[PDB]
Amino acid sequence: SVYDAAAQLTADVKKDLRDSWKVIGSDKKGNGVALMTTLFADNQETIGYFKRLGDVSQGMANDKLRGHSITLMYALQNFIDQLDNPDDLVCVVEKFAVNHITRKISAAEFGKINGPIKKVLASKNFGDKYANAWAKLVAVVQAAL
């Protein structure tokens, strides 16, 4: 249940999400591309889903990948901004879930983003505590897939 998952976002979890986002969200282009390139490097089996973006190995040099990556960071910005109101968080999460259901992405495969998130956070000196908080947010999307 997406509603039960959203209820898992306690005061402490919301605080950790906001605190780490202040840093990570300050460079959407840089960290967004870093997140995607890490996903492709660690889970090569997901590259097929991204055929529209072309040669993802080009990273920042690939205009489609850059546009996609920046936009992905605004979806996370959206989630963070809706933390105060569970009903609004749920409706935006369901909107993005549809974007992935149409691409045949399961909850299990969506969860593969947790590895990359932990690595990007770690590179900015945010440890397991923060990675776990972000995993709880990712779990809200998983509940809708």
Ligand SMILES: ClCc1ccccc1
Contents of the next structure:
2 protein chains.
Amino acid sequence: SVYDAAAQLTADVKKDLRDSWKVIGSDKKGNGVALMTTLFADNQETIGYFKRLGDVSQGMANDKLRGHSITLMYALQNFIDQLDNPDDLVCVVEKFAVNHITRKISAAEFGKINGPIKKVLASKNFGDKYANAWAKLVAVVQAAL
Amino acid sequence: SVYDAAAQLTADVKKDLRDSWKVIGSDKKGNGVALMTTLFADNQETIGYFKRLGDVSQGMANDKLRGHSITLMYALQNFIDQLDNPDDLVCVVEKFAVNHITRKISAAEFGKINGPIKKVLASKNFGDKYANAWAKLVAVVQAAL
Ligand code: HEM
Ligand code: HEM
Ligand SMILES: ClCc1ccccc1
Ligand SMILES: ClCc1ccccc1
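Next up, the form solved in complex with the named molecule. The previous block was the form solved without the named molecule.
In what comes next, the whole complex appears, and the chain from above leads the way.
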């Protein structure tokens, strides 16, 4: 279950998540747009899903993409803040899962975000250990998809 | 005009928003659910829109309502963090406006949240001064609906 995937996030994993988020989450606009542009660059097949955002190749200049990207970072802020209470983490994860289920995003497709996360983490010198930690948090969402 | 509405957030208004948010934003789960339960209690005609959440009279005990309420508080956190840059504030406000336009929520009905906000603020010893400041931020969203 989602609870099982969440309840498994250990003290060490939570530490790495919080330490990396302190840095990446400090610039939500910059890193949020970077995450999305990287997703579109490495997984061009996902571009069609974001038709509401217009021309995503516009990057930062695209107000709709910017608004979406900043908001996405607060979804992650939400997750990070709920780490010590699995019950709260689960209910917020399920809420966001619905937002993606309605768009027909499968657990496998959601996992495509791991590549971009790893790259942005590397841009701030956070290695594989950190990418693995984030993959575990992403896996909690996947349990709900 | 969302841009003219954003221009109404003067130095004094921004300060009041930040000062009150420091207190109420410190307990997103508690105050978020309080805001929702108050909305449903004083404006029963809006409950129909929240069909997905199930039995909202259960309050904190309802997992979907709790997840929704916590997330709503991060939408407000987002707005507060964008106060320095009107261009970014506008793009995130328009993003959330779409979430409500799709639910058939008009500017007039969105405005029904002002009552609950004033009541919750009052219970924390924040008077009309603060309620009016928040009404100005809510007005920015209304301009986009
Ligand atoms: C860290 C992972 C991710 C997070 C935290 C996240 C967060 C969000 C948020 C907060 C929204 C707005 C929901 C709404 O207002 O309805 C959104 C929308 C969306 N997401 Fe994600 N997302 C993630 C990964 C993905 C991935 C990998 C895909 C696709 C392969 C995806 C596809 C979508 C689509 C299509 C939308 C709708 C965009 C629109 O039309 O506004 N998401 N996401
Ligand atoms: C401070 C004011 C408000 C804020 C910041 C706010 C924020 C939000 C957020 C973040 C969501 C989730 C969006 C999504 O995932 O699609 C949401 C959903 C929703 N909001 Fe609001 N909202 C506010 C006031 C209102 C009011 C006054 C109404 C109705 C009179 C309203 C009706 C809805 C409805 C029907 C949903 C969909 C719930 C669901 O089915 O999951 N909102 N709101
Ligand atoms: Cl700190 C992990 C991360 C989150 C969002 C974007 C890029 C990296
Ligand atoms: Cl600080 C303005 C506020 C936000 C949420 C609930 C009550 C008041």
